[PDB]
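Protein chains: 2
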Amino acid sequence: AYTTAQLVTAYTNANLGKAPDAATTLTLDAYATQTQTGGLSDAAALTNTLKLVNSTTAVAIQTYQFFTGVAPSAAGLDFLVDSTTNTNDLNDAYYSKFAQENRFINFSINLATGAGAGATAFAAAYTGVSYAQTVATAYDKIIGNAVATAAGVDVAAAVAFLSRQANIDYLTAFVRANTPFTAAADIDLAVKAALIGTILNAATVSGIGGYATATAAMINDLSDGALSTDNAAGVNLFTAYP
Amino acid sequence: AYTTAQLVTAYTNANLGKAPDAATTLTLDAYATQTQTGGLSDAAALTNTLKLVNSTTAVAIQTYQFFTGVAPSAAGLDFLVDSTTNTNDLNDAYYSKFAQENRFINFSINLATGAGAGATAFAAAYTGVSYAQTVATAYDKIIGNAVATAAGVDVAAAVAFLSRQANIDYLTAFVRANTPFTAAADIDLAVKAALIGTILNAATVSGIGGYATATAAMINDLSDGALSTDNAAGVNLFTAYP
Ligand SMILES: [Ca+2]
Ligand SMILES: [Ca+2]
Ligand SMILES: [Ca+2]
Ligand SMILES: [Ca+2]
Ligand SMILES: [Ca+2]
Ligand SMILES: [Ca+2]
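Quick mapping for you: the protein sequence lines, in order, are chains Z and E.
Under full-length UniProt numbering, the first residue of the first sequence carries the number 2, and numbering increases by one thereafter.
Under full-length UniProt numbering, the first residue of the second sequence carries the number 2, and numbering increases by one thereafter.
This is chain Z alone, in the form it adopts within the complex:
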């Protein structure tokens, strides 16, 4: 049985010091009183609280891992998610009109195709490969192929959907309008980045797959105020949370 004042601290630390909106406070309060009456277990209530921190936090953990091979340190996360120093950060004014999806896509393009940390590596790895293959291989890296089938979702139908011509056309226009790229190679390269972003979203929303399960456990550890692993130059998800 959690007091509503415990669920707010659990939410605050997950959001790295951003105190929840008036609306969500009411949501948390419901989760509290549903545990006092035994209509909800303890672990269940805490999971739902941390599900609300998806857009703000999970966006920074997951993308950093996929592109740079390592999730950001606690100190680093602070900077990306909720800080005094970064004027524009994930839970700040700049981003208040981006949905969940467009947040993932934003982060991806930043890290991948720019002067971002992942540019040089991602540029060499995904050169001269087709849209179809980009999606198929990435799907398996993130969500697993065996895991998805056991979970009951049909892989083939999903991969086909992501790589259909209509989808690719939509992104091409999107990337051309938004990003300052004009070269034919860089646009091609950025579209792939946006696709992987779309997959990361699709993963974190369903809870299936290796990436999603590890990120969940990192946020759980981050909940109580202190991050146990907290290597100075980044925490590799798959090492730390088996």
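Please keep in mind that the hints were generated in silico from the structure rather than gathered at the bench.
Computed footprint of chain E on chain Z; a stretch qualifies when at least three of its residues, placed anywhere within it, have a C-beta under 8 Å from a C-beta of chain E:
| hint | region |
| --- | --- |
| 1 | 122-130 |
| 2 | 145-158 |
| 3 | 211-221 |
Using C-beta positions, here's what the derived DEER-type ranges look like:
| hint | chain 1 | residue 1 | chain 2 | residue 2 | range |
| --- | --- | --- | --- | --- | --- |
| 4 | E | 20 | Z | 159 | 24 to 34 Å |
| 5 | Z | 147 | E | 159 | 28 to 38 Å |
| 6 | Z | 168 | E | 150 | 41 to 51 Å |
| 7 | E | 141 | Z | 124 | 45 to 55 Å |
| 8 | E | 39 | Z | 42 | 17 to 27 Å |
| 9 | Z | 97 | E | 20 | 43 to 53 Å |
| 10 | Z | 128 | E | 88 | 24 to 34 Å |
| 11 | Z | 45 | E | 159 | 51 to 61 Å |
By construction, the Cβ of each residue, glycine as well, lies at the ideal position given by its N, Cα and C atoms.
Could you slot chain E with the ligands onto chain Z? The hints should help.
Just chain E with the ligands, lined up with the frame of chain Z:
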């Protein structure tokens, strides 16, 4: 848990020093990260890596064994698969437009009907025997008859399929067009060679049978850089890997 840099060395040695394409690197990378998250066992990941070396390598091991009675030595394999000296080799320019199937057929005709090593022996063994019998006996030699039935595949339906008149007609035209044979006996002889080739393909793609299981174990041994058996004048599969 394999690092993606381990799976590439495992692939490279199997391909005898040919470094994988950009596309396949992405495939291997997925297999790595699926072992770090425990959505895939270790042995399973390594098998799938070596499954990718089928077209290049397994083609040289299996055909040599069937026609000359012995798989090529490590030094020999180098020459056939990936070398400086042989301008045209299996993982080189000449063969880049042949599918898996047409590779098997190519190797078979070479070794069997030409001035190839197997010509004299294969010529005496398969003279004055019908298409039906050629297929039936070969099926049993390669895939086993008991083994296939236990595996659940119905033998009778498969053998009939391979020896139907339509199939024979297709090959006759194929052999006439491609190979420099004009005599009525040599064409007949080459068609049989092409049939056995087709069976070798059908074997290595399903994983059933004695030939396929032994070739798999030879490639596994070849994976780590050094071939244990490595007799100078050839390795007999069935002796070395029981
Ligand atoms: Ca803070
Ligand atoms: Ca701020
Ligand atoms: Ca902790
Ligand atoms: Ca070599
Ligand atoms: Ca060569
Ligand atoms: Ca060895």
